[PDB]
Structure formats: C-alpha cells, structure tokens
Amino acid sequence: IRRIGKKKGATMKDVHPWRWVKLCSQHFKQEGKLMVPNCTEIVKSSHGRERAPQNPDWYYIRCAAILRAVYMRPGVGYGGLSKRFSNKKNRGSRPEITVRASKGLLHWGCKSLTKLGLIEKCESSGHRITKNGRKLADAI
Amino acid sequence: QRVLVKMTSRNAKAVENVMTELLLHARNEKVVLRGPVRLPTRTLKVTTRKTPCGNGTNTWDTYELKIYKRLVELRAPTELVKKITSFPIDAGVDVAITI
Amino acid sequence: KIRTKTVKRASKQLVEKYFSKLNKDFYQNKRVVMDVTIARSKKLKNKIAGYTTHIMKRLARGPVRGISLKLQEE
Amino acid sequence: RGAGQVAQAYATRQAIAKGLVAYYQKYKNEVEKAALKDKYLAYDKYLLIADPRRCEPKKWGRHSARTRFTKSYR
Amino acid sequence: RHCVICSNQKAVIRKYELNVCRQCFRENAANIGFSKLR
Amino acid sequence: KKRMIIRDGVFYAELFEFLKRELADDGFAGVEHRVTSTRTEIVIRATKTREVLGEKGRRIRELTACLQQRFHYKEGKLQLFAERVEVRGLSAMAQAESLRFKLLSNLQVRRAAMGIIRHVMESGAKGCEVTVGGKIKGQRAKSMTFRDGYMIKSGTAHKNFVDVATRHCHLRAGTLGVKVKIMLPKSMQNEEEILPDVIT
RNA sequence: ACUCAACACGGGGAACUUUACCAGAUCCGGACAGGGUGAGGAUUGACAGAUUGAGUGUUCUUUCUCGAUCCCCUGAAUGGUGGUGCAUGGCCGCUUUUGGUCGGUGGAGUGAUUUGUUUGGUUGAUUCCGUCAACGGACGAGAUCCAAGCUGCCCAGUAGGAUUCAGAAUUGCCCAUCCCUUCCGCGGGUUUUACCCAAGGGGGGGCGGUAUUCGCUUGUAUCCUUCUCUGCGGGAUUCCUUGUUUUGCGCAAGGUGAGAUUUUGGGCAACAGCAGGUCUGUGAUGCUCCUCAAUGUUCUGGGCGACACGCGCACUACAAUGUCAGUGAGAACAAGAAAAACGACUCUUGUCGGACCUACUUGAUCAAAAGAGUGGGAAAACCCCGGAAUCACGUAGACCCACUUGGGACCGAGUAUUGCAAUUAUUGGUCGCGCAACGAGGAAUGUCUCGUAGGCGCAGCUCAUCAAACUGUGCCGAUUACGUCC
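Chains as they are written, first to last, in the authors' numbering: chain o, 12 to 151; chain l, 15 to 113; chain k, 58 to 131; chain r, 76 to 149; chain q, 20 to 57; chain m, 6 to 205.
Treat the hints with care, since some could be wrong.
Below 25 Å or equal to it, Euclidean Cα-Cα: the simulated BS3-like pairs (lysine-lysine) are [unchecked claim]:
hint, chain 1, residue 1, chain 2, residue 2
1, m, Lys184, m, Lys140
2, k, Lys102, m, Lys158
3, l, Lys80, m, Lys7
4, l, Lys59, m, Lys164
5, k, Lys100, m, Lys191
6, l, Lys80, q, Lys29
7, q, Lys55, m, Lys191
8, q, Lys34, l, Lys80
9, l, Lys27, q, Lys55
10, q, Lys55, k, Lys100
11, l, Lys59, m, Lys6
12, l, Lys64, r, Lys133
Honestly, the hints are just simulated from the structure, not real lab data.
Using the sequences and the accompanying hints, generate a full structural model.
See below:
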C-alpha cells in the first residue's frame with residue numbers, strides 16, 4: 012500500500028486528482044447520479060459534484076485496506092439516518108455505488124480484483140500536492 | 015497433522031485433573047508436549063426476573079456460567095491418542111478431540 | 058478503619074508467645090504471621106500484621122493495651 | 076487500537092515518553108535518565124500513571140448508575 | 020411459539036440458548052448449573 | 006461448547022426430579038453422574054440402598070429402562086449403581102423425607118422435629134434448623150421455628166457448606182410446608198472465614 | 001395491581017395461534033361396563049346429495065367400509081387461564097439499607113419486666129477501648145466469595161511483533177526538511193554595547209550509512225514473547241508529619257506507591273413481621289364452580305385486549321437549532337454478545353448434508369426496496385474479528401437568525417420483503433402534504449459529588465414479522481459541593 016494519508020488524505024489527496032480526472036475523463040459518470048447517495052436526504056444528491064467527490068477515494072479505501080469491497084467498503088461509507096421517524100437514529104448505506112466502484116479498478120492505477128496497484132499512479136502524481144497547491148492551500 | 019486436545023467443561027477442577035496430571039503420560043514419554051496457555055473463557059449470561067408477579071420493584075438477576083476451554087498441543091501422535099483420551103473419566107462434560 | 062476483636066485477640070496472643078515478632082516493619086511481621094497461622098483470609102493476616110507493628114511501636118513509649126509475657130520480669 | 080480517537084492520542088503520548096526513558100535506561104547512564112524523567116514527572120501528565128479509571132457496570136433494574144426510571148411518589 | 024415443560028404457552032417462554040425454564044421459573048427449577056455470585 | 010453444558014444441566018434436572026419424587030423415604034440424597042467414555046455411571050445416593058436395587062431386582066432395571074426409552078440410550082452406554090451414604094443426619098433431603106413421613110402419619114409437629122434435631126446434632130453437626138410453616142391452626146398460616154447450634158447465612162460461601170431441602174406434606178385442610186437445612190461440620194470448600202488459629 | 005412495596009409492571013413488543021372474553025361448531029377428555037345392545041347395533045371410516053361460514057363426513061339420506069374398544073343406563077370420573085392470596089405451600093416485594101436480634105446462669109421486682117444489650121470517645125457499623133450486677137455465648141455486621149485496576153509465574157499454530165533475504169513501491173530538488181548542530185580559532189560591518197557577516201579545524205549524523213507502510217506481496221528467509229491470553233500467587237491502615245493522640249480506641253495532612261480505606265464496584269444477609277402481591281408459573285394445593293346445545297377442550301374459522309367526546313393521569317421519545325447547526329463530502333477510529341440442527345432425505349452390517357451468520361461477485365449501458373450463485377464457520381475460524389454515532393474538517397461546501405432550507409405528525413398513490421393467515425402487520429423504500437404542531441415553555445416535581453451526571457451508538461432480549469421498551473458492553477465526558485440537619 013501507499014495511497015491515502017501520506018499527503019493528508021482528508022482534503023489534500025482529493026482535490027488534485029479530482030481536477031486532473033475532470034480535465035481528462037477517466038472514471039464512470041453513469042446515470043444514477045441524481046439518485047440518493049447517502050441515507051434519508053430531503054435535498055438532491057449534492058449541490059455540485061454528484062459522483063465527483065467519490066471515485067478515486069473509493070479506489071483508495073480498497074487499496075490500503077486490501078480487498079474491502081461491496082460490503083466492507085461501505086464501512087468507510089456513510090449514513091447516519093440524520094432525519095428519522097422519531098426513533099433512535101441508526102447507520103446505513105446505499106448499495107448504488109458498490110457495483111460501479113468494483114468495476115472501476117480494472118482501469119486507471121489498479122489492475123484487478125486481487126491486485127490493486129500498477130505503478131500506483133495516484134501517489135506519484137500526488138507528489139506535486141506538497142510542492143504547490145491548486146486550491147491556494149493554507150499550508151503551502 | 016499435529017493432534018491437539020481441547021477439553022471443554024463447565025467447571026474448573028475437573029479439566030485441571032485432565033491437563034496437568036494426565037498429560038505427564040504423553041509429555042516426552044511417547045510424544046512431545048508443546049504447552050500454550052488456554053483459550054479465552056466465555057460467559058453465558060442470562061437475566062431472570064425474580065418476581066412471579068407485577069408487584070415488586072421490578073427486580074432482576076444476573077446468572078453466569080464459566081466455559082473453560084483448555085488447549086494443549088502435541089506433535090503428531092497416531093494410535094497413541096487412544097491412551098490420551100481414555101485417561102480422564104473423572105467428571106462429566108470431559109470431551110477430547112483428535113485431528 | 059476500625060479493626061475487629063478477632064484481629065486484636067489473635068495479635069495479642071502472638072505477642073505473648075513470640076518475641077520473634079518485634080518489628081515495626083509490616084513486611085517481616087507479615088511473613089512470620091501467615092506461616093504460623095491458619096486464618097485463610099488475606100485481609101485478616103494483613104490486619105493482624107499491622108496490629109503487631111502497632112503494638113511494638115506503642116511499647117516504645119511503655120503503656121499498651123496489648124498482652125506480652127514481659128509481666129514475668131516486671 | 077482499542078478506543079476512540081481521543082483516548083488513542085493520550086495513549087500515544089504515554090508510549091512515546093516511556094520509549095525514550097527505557098532507551099536512556101539501557102544504552103545510557105541513570106544520570107541522563109534521571110534528568111529527563113524528573114522533568115516529565117513535573118509537567119502535568121504525571122508521566123507515571125496509566126489513568127486507569129475505566130467504566131461503570133449497568134446494574135439491576137436500573138439504568139447506568141442511579142437516575143432510576145423516574146420516581147413514584149413516596 | 021410453544022413450550023415443552025408446560026403446555027400453557029403463556030406466562031412467557033424462554034427460547035434463549037435453546038432451553039425453556041421460564042414456564043417453570045428457574046429460581047424454583049434450578050440445577051441447570053447456573054449460579055449468581057455477582 | 007455452549008450447548009454441551011446446557012444439555013448436561015437439562016439431563017441432570019430431569020433425572021434428579023424423577024428420582025426425588027417417585028423414589029422417596031429411602032434417605033435419598035440425590036444423584037451424581039460422570040462419564041467413563043461411551044458409558045455413564047450414574048450413581049444413586051441413598052441411605053438405604055436395598056430399595057434402590059430391589060429384592061426382585063425390578064427397581065434398578067425399571068429406572069435404567071425409563072431413561073433409555075426417553076433419551077434413546079442402550080445398554081452398555083447407560084448404567085445405574087447404588088451408593089451407601091452413612092449418617093442420614095448429614096443429608097438434608099434425607100432428614101426432610103423422614104420428617105415428612107412423621108407428619109403425614111399425623112404425629113405432633115414438636116415431637117417430629119425434635120427427632121430430626123436429636124439425630125443430626127448427635128453426629129457432630131454445627132447446627133440445624135427446621136422451619137415448618139403452614140397449617141397447624143385454621144386460620145393462621147402459622148410459622149414455627151426450631152433453631153439449634155449455629156448457622157451462617159453470610160457471604161456466598163454459606164451456600165456450599167449448608168445444603169437445604171424444601172418439601173411439602175399434603176394433609177386435610179390443605180398443604181403443610183416443611184424445610185430442613187443443617188450446617189455440616191465438614192466444609193465443601195475446605196475454608197473458614199472465622200477463627201485465626203495459632204500453631205504453637 | 002392502585003400513597004410508598006400501582007400505572008413501557010405481570011421478561012405482557014398481545015391481530016389467526018396464544019385467550020381468559022365474544023360470535024358459532026366440535027370432542028370424550030363421560031376413563032372406569034358392575035345393570036344392556038356381538039354377527040346385521042346405537043358403531044369405526046366413507047364418494048355423491050344434503051347440513052352449514054366450512055365438500056367439512058360432525059351430522060342426516062344414499063350406498064359402501066366395520067374392529068364389536070366406539071354405543072346404551074346409572075354410579076363414577078377427569079379436565080379447566082373459574083372464584084377465594086382472609087384455607088394454603090413455595091417464591092418475590094417492603095418494613096430496613098439502617099445496626100439491629102436472642103437465649104443460659106446469676107442479680108433486681110408480687111408481677112408484667114429489667115440487667116447482659118450500660119455514662120464517655122471512636123466508626124458506615126451492638127466497629128472498638130474503657131467502665132459496671134453482670135458472667136460467659138450465638139447471629140447480622142466484619143470476613144469468606146464475584147468483577148475491575150498494577151504485577152510475578154504459566155505462556156503459544158488460529159494471540160502479534162522483531163531483523164534480513166524478497167519484489168512491488170517510494171528514492172519527495174515544481175514554492176522550502178545537499179544543509180545543519182555542537183566545540184574552537186581568526187578577520188570584517190559596530191566608537192562602545194547589543195546585533196551580525198566571512199573562512200577554517202575538530203565532533204554527530206541528517207536527505208540516501210536511520211527510507212516508509214502493506215494489518216495478504218498470505219508471498220520468499222530468520223528470530224522472539226513487549227503488545228495478547230487464562231489458571232495459580234504477589235501488593236499497604238505500614239511509614240512519616242515527631243501534628244492531633246491525657247494512655248487507649250483513633251483522627252488529619254503529606255509520602256512511598258498502580259491504588260489511600262468497609263482498597264474500589266457488586267452479590268449474599270439477622271430477628272420480628274405485613275391479613276402486601278401471586279390460586280392466569282407448576283404434576284404446589286383446601287372446597288366448589290364450570291363437567292357434554294362443555295362454557296372444559298380444540299395447529300378450527302373470524303373478532304377482542306389496540307376503540308377515540310379530542311377527556312385526566314403515569315412512563316417514553318422528537319423538537320423548537322448556530323454550544324452537528326441544517327440538507328454535502330472525506331478522514332481516523334469500539335466491546336461485550338448472539339449462531340447449528342428436524343427420525344428429514346442420503347448414507348450401512350450400524351448412518352451424512354439443508355431452517356445461524358458473515359465473506360465475495362452479479363444486483364448500473366441505468367433507482368431504492370429487492371433477486372440469485374459460489375465460499376467459510378459450532379466461533380481467538382465468522383476474513384484481518386470488528387468501521388463509519390458522539391467526534392474530527394477548512395476541503396476555502398451549502399444554509400443562515402427563520403416556525404425555515406429548523407422539526408416531524410397527519411394524508412394519498414406505487415412496489416417489494418416476511419408468514420399458517422394480513423385487514424398501512426410488513427416498512428431497512430420510493431414521494432406527496434410540512435406554509436400541522438412546538439421557539440427552551442405557569443404552579444409543581446424528579447436524581448446523581450467522578451470517569452459520575454449529561455451526550456451518543458451497538459448487540460442481546462421477545463420471535464411469522466416490528467423496540468420510542470428492557471438487559472449488557474463501549475465511545476465522548478463536565479460544573480458545583482466534599483457541609484449541615486434546617
């Protein structure tokens with residue numbers, strides 16, 4: 012492993028591959044974007060970036076944790092049931108992305124459902140995160 | 015492969031008479047003896063209302079069992095295992111295994 | 058806090074029959090108590106031990122409520 | 076591993092300073108260790124203490140430590 | 020469900036850990052090896 | 006396993022209850038069982054071992070047969086033995102049965118209980134207690150105590166030393182309760198919580 | 001059941017079952033033939049027809065199948081969630097969470113009674129020391145036990161680390177970690193001081209001689225028991241302050257120390273009792289009620305216990321938001337505990353796998369709910385045995401002082417899942433209504449002093465199916481007081 016948490020994985024490993032991936036297309040954009048991504052919304056899926064805060068991160072989780080997928084990988088999914096029926100709030104996940112995200116890894120920086128690196132492209136291209144921000148970073 | 019002996023019992027001082035004492039017979043005498051330290055001891059906890067009616071202070075109990083699982087290991091006895099498992103007869107729920 | 062009459066009784070008897078016990082050290086007096094006694098409690102043996110120290114520390118003044126065989130000489 | 080984020084950070088500090096101390100024990104004289112250690116002890120963690128105050132059991136017929144259900148009149 | 024040491028089916032059936040001893044209460048009907056110490 | 010221990014509990018329960026009812030006033034203490042590998046000894050603790058066996062031998066094989074027909078056991082996997090318990094005094098349940106017999110014969114409560122007390126406290130017991138609640142009047146539900154020697158109810162340790170028996174007597178007007186305790190002079194933990202001794 | 005020892009209580013989250021109760025039918029359980037019918041009987045079983053909600057074979061007709069048990073009359077009987085808990089056994093609650101209780105011998109009194117069990121001090125304590133017409137005793141208390149904190153010994157193949165071999169991978173110079181630190185010497189910029197610049201010697205490694213992390217690269221080598229685990233043992237009411245202590249019983253602060261006193265948290269508990277509760281826990285029961293158009297009883301059907309003038313009370317939960325704060329995203333990270341086996345198939349000279357979970361992949365060339373196949377486990381194996389809430393976050397997110405984008409409760413339409421049967425049972429789901437309440441809420445009143453209160457989540461429990469409940473584990477974690485008796 013190598014990916015995530017070596018550059019600050021929370022907010023300084025995300026925006027940089029995001030820019031690069033939208034600038035030249037790579038990952039899935041399949042219809043289903045509008046549909047509920049996180050439990051019991053009263054709003055739309057998000058204000059902007061419906062399924063473009065997702066894809067590399069959903070590779071990252073499975074990478075460093077070795078073959079967490081489809082039921083384990085929603086482990087680092089979310090759901091609080093933040094609106095509820097006046098009972099004690101409980102955790103959930105929405106399966107929608109699981110299918111698409113186990114498809115993903117066969118292209119771009121990972122190989123297979125057993126081996127999750129190639130040259131580990133994301134790491135190498137993320138070495139310029141530290142050097143210079145692309146967001147006007149506070150710490151750079 | 016290597017044969018192991020797990021002895022599962024409700025009570026201590028039944029299993030004790032098995033492991034310590036009657037493994038001496040298999041210690042280097044016919045096979046070699048690798049002692050680890052026995053597996054974690056489960057509790058079976060049950061909670062029972064004391065009162066047989068709806069008027070009390072709504073009291074309850076805590077009842078517990080110990081489950082002693084005593085594991086000691088040997089290095090491949092075959093046909094010798096017959097001796098090993100015929101040794102304890104000293105309490106009920108003494109059960110032994112052979113791989 | 059306050060100790061029971063079992064404690065004080067046993068410890069008084071000990072200090073009468075033994076002057077092997079003579080110390081203000083908890084540790085020594087404990088090890089000679091426990092081997093000479095059958096009481097089958099940690100608590101009682103530690104109590105009794107500390108009481109025997111307390112006795113001897115008071116005997117440094119002179120007056121005690123304890124029992125000793127010293128009366129022979131006095 | 077074994078508790079939430081906050082308690083892990085506490086545990087971190089402890090194991091770090093422990094490691095420094097033990098290193099300077101084995102490979103280096105007691106003098107250097109005494110210097111280091113005394114200043115650790117001083118500066119409010121303590122170092123030595125595991126802070127080993129854990130938890131409460133839940134009991135009866137009752138929820139946590141007492142606030143009961145809520146009263147019947149008396 | 021239903022019970023096998025009564026036929027009452029009411030006054031509550033334990034089926035925890037595959038036993039019934041609450042259609043005949045376990046305080047009265049002990050010697051199952053359980054004890055209370057805490 | 007989890008289930009082993011529970012099922013052993015079940016077996017003991019059923020067994021113990023069957024005997025303690027239908028075989029009684031023999032000085033029945035109880036039963037004890039242990040395995041000898043694909044056979045179970047199942048010794049039967051009685052003061053009088055002759056009734057257990059039978060003088061026609063019918064009793065012992067009846068009791069084997071009942072167990073077999075219930076649990077699908079066969080011969081050579083199941084056996085029943087007798088054991089001679091000396092001093093009926095030191096068995097709670099046994100004294101309980103003899104007392105029950107006195108009362109069903111319509112003998113005086115006082116006289117009856119005094120028999121038990123005499124017997125027990127002769128063999129060197131620390132204490133005994135006979136608490137007979139129930140009818141003796143009407144119109145009360147009167148409770149009579151008889152307390153002898155000394156007895157402890159402190160700790161959880163007491164439970165091991167002191168064995169207890171509760172039984173019923175069934176008479177005209179209805180039920181009479183009976184209870185017997187008896188603190189043994191001999192520990193079953195080999196432990197005391199009082200008297201620090203000094204070895205001289 | 002009804003102040004407390006009623007009122008999310010009767011392990012009671014009940015729809016058919018459970019079931020007392022209601023709407024109807026049935027059985028023999030009325031067994032026991034002692035007084036009668038054997039063949040062909042009042043009968044056992046039965047297609048059609050009828051009976052009736054029930055083509056149901058109870059019944060009645062038809063015709064068939066018949067043991068003679070079923071059936072006839074008495075006596076006898078058994079069964080019951082029926083009453084009586086003021087007939088009763090056992091059990092539980094409370095009195096009572098305090099320190100209380102009883103006998104022998106002796107003393108005193110006509111006796112009922114008293115002394116022991118008592119002025120003082122100390123303690124949670126009838127806990128102690130002292131004193132006395134009491135003396136010597138027994139219980140409760142203490143202690144013995146259970147769990148927690150620190151530790152020795154045991155100690156390794158499902159517990160987890162150490163080094164090298166190993167290759168993936170990185171070897172960060174695109175905005176900073178070749179450049180420093182320490183010691184020392186000399187020359188400059190300073191009038192002096194402070195401050196600072198240059199060069200060299202010695203010394204230490206730093207980015208590469210220390211390089212990461214993989215909880216599977218499960219690869220290839222080597223070694224160990226710090227981290228783990230369970231059984232059995234260590235560890236103070238000692239020392240000191242020379243304070244307080246008239247000597248005693250002891251008290252306070254500080255110290256050693258993992259831990260300062262009933263070590264800490266629980267569990268058990270005397271005597272006297274209550275007309276407490278329980279006869280719907282029982283094969284624990286007195287009597288007398290139900291004992292056949294039985295009400296008992298039914299894998300019988302359906303209904304009730306749950307109803308709604310907007311009525312009172314008890315308990316619970318959700319909010320009125322800026323101190324998760326409201327809709328979005330991403331990161332790091334937890335602990336007890338649950339689980340499996342059907343005489344059902346197959347297997348043989350004496351017999352194996354299906355009703356538990358979780359893994360993985362299709363379920364997205366197009367939703368959720370939800371379909372199915374492969375794979376392992378009887379559990380320290382279940383894929384890392386353990387994860388997403390409280391929390392963290394400036395990613396330069398969105399909302400922004402409003403009954404809203406804060407909250408849900410009503411209400412309509414659709415669909416799948418569960419089941420012997422659903423009648424919002426289903427509900428982890430879509431998407432309407434929200435602009436329906438409610439803005440910390442009169443009087444009154446509850447309970448806790450520490451890892452507690454408060455906040456938060458998970459599992460077990462019950463079981464066709466549902467947990468705002470109950471039980472247990474874990475996480476975040478204070479303010480005030482440490483006093484008095486009003």
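These are the hints, each one checked on the structure:
no.: 1; hint: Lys184/m <-> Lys140/m; verdict: 14 Å, holds
no.: 2; hint: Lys102/k <-> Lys158/m; verdict: 23 Å, holds
no.: 3; hint: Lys80/l <-> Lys7/m; verdict: 10 Å, holds
no.: 4; hint: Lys59/l <-> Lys164/m; verdict: 21 Å, holds
no.: 5; hint: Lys100/k <-> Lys191/m; verdict: 24 Å, holds
no.: 6; hint: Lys80/l <-> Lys29/q; verdict: 31 Å, violated
no.: 7; hint: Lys55/q <-> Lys191/m; verdict: 23 Å, holds
no.: 8; hint: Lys34/q <-> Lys80/l; verdict: 20 Å, holds
no.: 9; hint: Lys27/l <-> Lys55/q; verdict: 19 Å, holds
no.: 10; hint: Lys55/q <-> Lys100/k; verdict: 24 Å, holds
no.: 11; hint: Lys59/l <-> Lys6/m; verdict: 14 Å, holds
no.: 12; hint: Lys64/l <-> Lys133/r; verdict: 18 Å, holds
When held up to the earlier numbered hints, the structure conflicts with hint 6 and nothing else.
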